[PDB]
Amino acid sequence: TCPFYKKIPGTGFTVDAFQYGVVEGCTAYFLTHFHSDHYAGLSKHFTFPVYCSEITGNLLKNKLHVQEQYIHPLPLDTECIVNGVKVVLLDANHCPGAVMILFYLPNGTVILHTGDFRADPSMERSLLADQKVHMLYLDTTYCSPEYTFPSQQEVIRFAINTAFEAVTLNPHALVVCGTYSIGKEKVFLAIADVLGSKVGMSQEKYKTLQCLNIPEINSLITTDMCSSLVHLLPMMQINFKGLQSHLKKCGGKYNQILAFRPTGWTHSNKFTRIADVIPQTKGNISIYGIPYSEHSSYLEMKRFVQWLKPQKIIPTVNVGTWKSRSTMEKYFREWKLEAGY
């Protein structure tokens, strides 16, 4: 049954709560973004109202076959009334279509739910500016100081330069990029752009990208694998066996693979700068793990929360152990006391 941190008290609303059957008292179900841990439960048989972004709506309709009558897309940065309550959707800087939700409760309390987010200083000049917030439901994925990683811009610079160098030295090299969900599309799009290629993929992945409102997408992607020198593969295929196997299918067209496995944080970020990253290599195959994050670093999270100054914080990630909960509460207290409060 539905946990407390997914219910919005004083309303009939839940957030990312589709795996518990019919939730008692819920008149509208919000979905922050199209990642499987968050949408788990939605299908053609769902018959309650779903509120979400336009992009999330396109994915519900086309990938999950949710009926059009139950999909309620809302524009961003716009005051909307849903079942007698004012709400706003804001860009979460996570994956395409991902939002944060501001709820203005009938009693005067204001709640921000971040969904999944990568905090950025630009959020300090959204509709959040000068908005008192009484409760923050916070994506705490990386709420500990050891979690460091580079900017997305720096990671993309490394990937572009690495790919362009390799293919310029060897015009018969193939570039492969791993994927298992939406998000991190800039990795493969930026590489293909520098190489003057479309990105080749399966019919199923092509379908998914066609839902994302990316400008000029028809010019960037294709299902014709033979015409492309940047290929997308499921993430589980990005290993020496899987890549060797893939190289056979291309019909003696290529003699080297350079592959990228986008990850979240990993322990090697503690020691190695993004510039100094080296691949795993076996013969003519090389694999780069690159830390492209769509969640806040510890420092980004701390900056956002110290700016917002919420009265109370409810974590939504790492909530399962006493140690995790204790650690997170200690950091929130440090941040408050530090800020002069």
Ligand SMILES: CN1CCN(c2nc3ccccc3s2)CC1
The other form holds:
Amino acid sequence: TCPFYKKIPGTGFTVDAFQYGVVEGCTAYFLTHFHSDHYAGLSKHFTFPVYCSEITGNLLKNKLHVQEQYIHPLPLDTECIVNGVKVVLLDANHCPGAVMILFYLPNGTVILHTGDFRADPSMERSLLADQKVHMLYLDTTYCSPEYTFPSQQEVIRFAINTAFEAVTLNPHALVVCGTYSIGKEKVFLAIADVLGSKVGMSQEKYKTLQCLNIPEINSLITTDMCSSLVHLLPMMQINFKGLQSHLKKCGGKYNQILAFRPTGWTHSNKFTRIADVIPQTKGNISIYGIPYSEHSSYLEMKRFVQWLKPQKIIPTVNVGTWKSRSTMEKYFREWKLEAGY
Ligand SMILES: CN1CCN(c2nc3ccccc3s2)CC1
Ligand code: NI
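Right, the form solved without this ligand is done; let's see the coordinates for the form deposited with this ligand bound.
After this comes the whole thing, all chains and molecules, with the earlier chain placed first.
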């Protein structure tokens, strides 16, 4: 059964609620983004209206084979009426196609649902500017002060400089990058750009990327592995065994692998600066864990919420334990007392 924090009161709407069968009273199902925990339950047999971004709709049609008659893409930054209620989709700064949803309820209440997001000061100059928001359904993934990590720009500078140095020292080195979902494409695109290569990948991953409206994508990616010196592999293969096995398949073209595992936050962020990050190495294979996050840091989350000044916050992540709920509630109250709302 569908939990309370996925229902929008005063409407027939749910958000990211496809794994609960027919939700009683639901006339429109919104999907914030194409990540499996959020789309869980969708398929070609789904027969209710789904509202989403254009990019999310391309993935629904081509990857999940949802019938076109049920896919309702909406443009961003545009007031739309859905089943008698005004809504707006805003860019979430998460993965491609990810949105936040503003709902203007018939009674005058305004609700913002962030979906998954990485809060940024640029959101302060979206259509949110000077918009009173009564209720905030908040991506609380990293809602504790220990969760620190660098900017995406800093992480990409590290990855580009590391890959360029390694391949310039050894032109027979291969670069490999792990993936298990959409998101974090800048990691492999930026490395391939500095090396003068297309990114090589499976047919299935190529299909996924073809759905993402990335400018000049045909110039950047390929299924011809032999033509490419930056390869994408499943995240599960980014280990010494998996990479040794891959190197064997490359027909003596390469004698070294440099691999990247984009993660979220890890406990080494409590000790080691991005500049000082070192790999794990065995023989001619080295593996870097890089903290490329598509969720708000604690500090980014706190700034956004203190700017927005919501009357009530409903967490959508870390909801399952009393300890995590109590921790989040304590921070919301600190933030409110500090800023005066
Ligand atoms: C059994 N543990 C319960 C507490 N835990 C977390 N609490 C929060 C709160 C806010 C952000 C993240 C977390 S993780 C870890 C698991
Ligand atoms: Ni997500």
